[PDB]
Amino acid sequence: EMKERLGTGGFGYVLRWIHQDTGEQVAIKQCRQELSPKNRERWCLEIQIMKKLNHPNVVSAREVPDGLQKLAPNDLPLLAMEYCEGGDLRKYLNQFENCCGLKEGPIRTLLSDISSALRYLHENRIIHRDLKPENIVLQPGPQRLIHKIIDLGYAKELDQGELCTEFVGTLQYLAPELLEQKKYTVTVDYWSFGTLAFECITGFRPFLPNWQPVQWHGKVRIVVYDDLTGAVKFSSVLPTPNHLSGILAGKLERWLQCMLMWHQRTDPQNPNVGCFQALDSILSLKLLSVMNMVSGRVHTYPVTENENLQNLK
Amino acid sequence: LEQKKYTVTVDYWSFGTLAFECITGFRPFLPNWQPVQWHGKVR
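Here the protein sequences come in this chain order: A and D.
Mapping of the first sequence onto PDB author numbering: residues 16 to 236, 243 to 286, 290 to 337, in sequence order.
Be aware that the second sequence starts at 194, since it is given in PDB author numbering, and climbs by one per residue.
You may find that some hints are simply not true.
To be verified - Heads up, simulated PhoX-like pairs for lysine-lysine below, C-alpha to C-alpha not over 25 Å straight-line: (1) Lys147(A) x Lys254(A); (2) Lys234(A) x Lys234(D); (3) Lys254(A) x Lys234(D); (4) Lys118(A) x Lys254(A); (5) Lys234(A) x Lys53(A); (6) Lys85(A) x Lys67(A).
For the record, the hints were derived by calculation from the structure and aren't laboratory data.
Next comes chain A alone, as it looks inside the complex:
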């Protein structure tokens, strides 16, 4: 037999069942009380797809545990994934003292990892659509914290239609889904990621006290930052009292100012690459940083493997 449970959404359950001996940590996404034939057949398109693919950063399926198998009252399949240890990206975002930001580079991981998970999905033209903290799992890695994007496939896979449009749990994040519109363009990942990212840097987004249809004015009467009452504020020009690198305001305000938009969002000096190119170059760079002591505390410099001391001096 098998073990325990996880979270809920899409077409039902996520489960941490195990062959309770050796500890086979499998994930189980079962089905929800029948649907239209094209809506329960879409469930089966998901299963083939999250198995059709494998990329570190984004879980792959273990097929089905041959032991115990169909405890499924469906005659429809189930899905078994490689469950990752306590990393529900949220978990930490609440953590507690990431209030005011989670300035690690575990920004630099996440900003990277995902950027290369999304990668793989615009490769197979599979827009993830949603993106939240609660689909991503920072799990301990053989070197430096690998994080994986679990659970989700609301995934408008070009050519084979959409999946679901189930709309489920915490909407609080996605992009101009004033329910539907035609612009289910690639673009809408870039938006969610962006805030997701923002959020991770600091602790907000363009903003989420207020709410969803409470925003759409969020979308400004735009590429600015905003308004109060007493003290309250809702923002994207000057990214706040966080704990990042002095020179990563350097990315932020000019990355995110581009990753946080509508229709076709990009950086109008060039045709680069949306996330990848810009973020990658903004993510690499090798950074030296020389304290002073002539009390001007720090100084930091961008350095090629091609320069030495007296360059610096």
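Starting from the known structure of chain A, fit chain D onto it as the hints suggest.
Chain D alone, transformed into the frame defined by chain A:
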């Protein structure tokens, strides 16, 4: 907050909803809120 239209008019509005409210139990609406409306004022 403010604008120049502190014309008579602005009583007629409050009364109106006040009235509405009294007939029924709402107004153009107040679950949501104040700056939460201004879209209240319809697109």
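| query | Are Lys254(A) and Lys234(D) close enough, with their CA atoms no more than 25 Å apart? | reply | holds (23 Å)
| said: Hinted pair, alpha-carbon criterion (25 Å max): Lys234(A), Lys53(A). Please report holds or violated. | reply: Violated, at about 35 Å.
| query | Is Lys147(A) close enough to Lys254(A), meaning Cα to Cα at most 25 Å? | reply | Judged against 25 Å, a Cα distance of about 22 Å means the pair holds.
| task | With a cut-off of 25 Å on the C-alpha distance, tell me whether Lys118(A) and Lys254(A) pass. | result | holds (21 Å)
| task | Below or equal to 25 Å on CA atoms is what counts here, so check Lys234(A) against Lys234(D). | result | Answer holds: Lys234(A) to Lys234(D) is near 17 Å, not above 25 Å.
| query | Are the Cα positions of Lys85(A) and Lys67(A) separated by 25 Å at most? | reply | Satisfied, since the Cα-Cα distance of roughly 21 Å is no more than 25 Å.
Hint 5 from the earlier list is the only one contradicted by this structure; the remaining hints agree with it.
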